[PDB]
Amino acid sequence: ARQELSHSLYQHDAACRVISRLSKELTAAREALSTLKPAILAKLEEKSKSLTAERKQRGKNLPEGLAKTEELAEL
Amino acid sequence: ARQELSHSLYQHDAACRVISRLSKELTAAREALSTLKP
Amino acid sequence: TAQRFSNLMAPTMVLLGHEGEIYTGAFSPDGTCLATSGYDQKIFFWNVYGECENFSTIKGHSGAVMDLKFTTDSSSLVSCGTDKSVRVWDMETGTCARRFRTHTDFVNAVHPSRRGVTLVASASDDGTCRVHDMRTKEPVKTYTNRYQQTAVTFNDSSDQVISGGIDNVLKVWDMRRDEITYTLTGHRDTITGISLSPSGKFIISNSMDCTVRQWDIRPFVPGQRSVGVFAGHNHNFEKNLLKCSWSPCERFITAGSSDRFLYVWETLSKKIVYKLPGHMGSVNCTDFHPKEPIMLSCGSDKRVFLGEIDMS
Amino acid sequence: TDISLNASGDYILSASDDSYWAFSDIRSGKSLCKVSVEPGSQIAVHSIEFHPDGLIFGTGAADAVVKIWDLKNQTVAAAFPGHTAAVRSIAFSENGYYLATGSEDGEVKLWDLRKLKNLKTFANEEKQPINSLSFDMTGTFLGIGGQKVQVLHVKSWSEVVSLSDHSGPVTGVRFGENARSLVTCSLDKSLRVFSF
Amino acid sequence: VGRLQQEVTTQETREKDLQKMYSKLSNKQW
Amino acid sequence: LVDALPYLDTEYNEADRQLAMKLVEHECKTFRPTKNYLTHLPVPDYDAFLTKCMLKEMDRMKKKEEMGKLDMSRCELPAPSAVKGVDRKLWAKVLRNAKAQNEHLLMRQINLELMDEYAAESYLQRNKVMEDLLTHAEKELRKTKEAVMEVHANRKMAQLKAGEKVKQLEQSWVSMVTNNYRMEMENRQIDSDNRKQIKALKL
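Those protein sequence lines, which keep their order, are chains A, B, C, D, E and F. Quick note, the first sequence lines up with residues 100 to 137, 161 to 197 if you use the authors' numbering. Residues in the second sequence are numbered consecutively from 100, following the authors' numbering. Residues in the third sequence are numbered consecutively from 20, following the authors' numbering. Residues in the fourth sequence are numbered consecutively from 297, following the authors' numbering. Residues in the fifth sequence are numbered consecutively from 706, following the authors' numbering. Residues in the sixth sequence are numbered consecutively from 23, following the authors' numbering.
In short, the hints are calculated from the structure, not lab data. Incorrect hints may appear among the rest.
Here are the simulated DSS-like pairs of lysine-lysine, each with C-alpha atoms no more than 25 Å apart in a straight line [what the hints assert, rightly or not]:
1) D:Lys413 with A:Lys178
2) D:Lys368 with D:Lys416
3) D:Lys416 with A:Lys171
4) F:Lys189 with C:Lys220
5) D:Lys411 with A:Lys178
6) A:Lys178 with D:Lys444
7) E:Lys721 with F:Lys178
8) C:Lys294 with C:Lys321
9) C:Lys321 with C:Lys78
10) F:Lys221 with B:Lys123
Quick list of the computed label-pair ranges, beta carbon to beta carbon [claimed, not checked]:
11) F:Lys189 with C:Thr155: 29 to 37 Å
12) D:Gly336 with C:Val136: 28 to 36 Å
13) D:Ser312 with F:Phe71: 24 to 32 Å
The C-beta atom is built at its ideal place from N, Cα and C for all residues, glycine as well.
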């Protein structure tokens, strides 16, 4: 029951985002009636894949010079 | 928990009815502008 | 127990004291008072609340009084009668502030200007529609028609005068042009009364053909101005100038009726929903209290009825 | 209210009380694109940060919604209802998958972008506002700043130390190279550095 | 209902202003 | 703000339901279940009141371990045999069990003979009370079903009574918008009076 309630509230919350977005579109449309008078993208992926790939060695091994937890406990 | 589940399901049901009704109202309002200015 | 809707002491009141046939009656815009008159010539003032006692009575008229309206600020009552005169009564003094006297034949109907300088439109059996001004002996405007005029009103801006008469069609005069700007056509018999809507967009006009017709008097209308027709009331062989009046919310319209019934109509549907017995003769006048759902009706039965309603 | 620097350093991103995010050249001031964080409404935006690979960035606002945007499409990639109060700070890990957001409600929460989900929560029971967050340059440690200074080792999600030497609210947290030093600032008119 | 009553009232004031303009204008054409 | 009125919004259809949830789908493709939605409920307390013993009884069925059962073969009394009967413990088990079972059967006989006097009545007495419970419960069922249907009626009454007033005002509003824009074109058309005034100035 607590699992299904979390999903139910999540779906209702997500629905309120749609309601809010659509309610503003309607207000702008009704306002228009009520007042009616007569390589950049490629570079980023190239750069991001470079950035996220160069990370992978650091993800496999941390620097050996990293300060220990027992040292940071004495800040 | 079952009480709150029951309320959450009917509130989500009501929320979907709004999303329907606002889409009908929004399209009708957009059709009104295209009725009047053209 | 039962539902109540007003500060009246009972959900209907019978006011006795008149002996003449009561031809007109109106509330003060502040709601404290009403004034009523007719063939008795005496104008009777009544409180709206409690014992509703006849606290004041004004004589001075010597021809029966056709119609009687309060000024918007309630400082004065304007009334006119078959003594060919228009008389304005100061409410605090109870005395004739002005006695306009330029009419040549019976004055039947009166309407004061809503704002600005106090002007009194009047219509008469001499065929003239005249607008008097408190400041001058001579009237400001005299508009002459070939046929007798027995109803008059200003528009809300007090710059068009609408007059109806024997012609059935309506001479509506615009006070900057001194011309008929348009006529309203639908009445098959004489017009017994005209009343301007609170907002001023519409008028109702009552006629001896037993219909009330609602007209749009706004400056632009793209087609015919006839908005609707109301029926159910009746005009008898007395040929009275049965009046008409608006509810202050505009959702309801009333007219006098010879069948003794107080009619109320819904403005949009033109259906009836109030048909109130209790009179014993021709109901010459009907009005709404301006703040509270109290109905006034004045009849040829020498009685004035106050009653409360469920204005929905 | 907040600004963030792209990982290459070529461009700067900014947010404001006008609810727009805007992306601009640092030198000429020309703007490539600009979109409202909540179109058709006004909501105060309190934090913004690039994901360190530079293609996406997170935004935090007074509605306590955290929105993740794709710079390629210039559109919302993800939205995270989370905290109970305005998100004064957001931090992204240079591991590319831990995310942290900090708020006036005094909680700190850890997020995983691989499933767009929460991992773990930490808080102070007095619910004092948190003004600033920072991961370390390796993303092993998370520094937290509010009314006091704290650092979390994120993989354990355990408090290592807490420090309260400032006589007023903390306004910034930063880390040195290899986590060998910690730097903080405060309304106490002082800049101070801590080390072991 | 509160939405529509405000929407109605915004037009009720708009039409009075426009009809004052029409009267002012049409009374200049005469 | 959720403002649906299902007795007034009668035009809603399953085709619109599919369309509406499609929009929520494109939302929840990005909008994620990140907040603890259950913070209004308490943290659960599945081991409250339980003893240290019963916690182990929870653990076994949480493990889906099978429940242990009593060996009831004592009632059948398995026979010994002389190749096993050399131990006193076997006979001391068997004979003492045989004595014990004789009394269980004796008490069974007394219980059955008493049961034969009184069970037929007390079962009838039980069924009468059980029928009283069921008819009381069916009385409650009927009462609550009527109460549920009244709430639907009260909702329908309130929504439709407002609904007609919505319909009247909406029809009124669109008429004014169309009329006001018409008046905008008309007022700019009457600005042709500039032509008269220029002609009147330069006759």
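Do the hints match the structure? See the list:
1. Between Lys413 (chain D) and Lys178 (chain A) the CA atoms are separated by roughly 22 Å; this keeps the pair inside 25 Å, and the hint holds.
2. As the CA atoms of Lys368 (chain D) and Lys416 (chain D) are separated by approximately 30 Å, the hinted pair breaks the 25 Å bound.
3. Distance restraint check for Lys416 (chain D) and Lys171 (chain A): the Cα-Cα separation of roughly 28 Å exceeds the 25 Å cut-off, and the hinted pair is therefore not satisfied.
4. Between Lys189 (chain F) and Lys220 (chain C) the CA atoms are separated by roughly 22 Å; this keeps the pair inside 25 Å, and the hint holds.
5. Using a Cα cut-off of 25 Å, the hinted pair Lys411 (chain D) and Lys178 (chain A) holds, with the two alpha carbons roughly 19 Å apart.
6. Distance check on the hinted pair: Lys178 (chain A) and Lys444 (chain D) sit about 34 Å apart at the alpha-carbon level, beyond 25 Å; violated.
7. This hinted pair does not check out: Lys721 (chain E) and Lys178 (chain F) have alpha carbons roughly 37 Å apart, beyond 25 Å.
8. For the suggested pair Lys294 (chain C) and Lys321 (chain C), the alpha carbons sit about 20 Å apart, so the restraint of at most 25 Å is met.
9. Restraint check: the Cα-Cα separation between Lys321 (chain C) and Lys78 (chain C) comes to about 17 Å, which is no more than 25 Å; the hinted pair holds.
10. In summary, the hint linking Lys221 (chain F) to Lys123 (chain B) is not supported, as the alpha carbons are separated by about 52 Å, beyond the 25 Å threshold.
11. Our hint of 29 to 37 Å for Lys189 (chain F) and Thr155 (chain C) is violated, since their Cβ atoms are close to 52 Å apart.
12. Between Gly336 (chain D) and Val136 (chain C), the C-beta spacing of about 50 Å breaks the proposed range 28 to 36 Å.
13. In this structure, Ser312 (chain D) and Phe71 (chain F) break the distance hint of 24 to 32 Å, their C-beta atoms being roughly 55 Å apart.
This entry does not satisfy hints 2, 3, 6, 7, 10, 11, 12, 13, going by the numbered hints stated previously.
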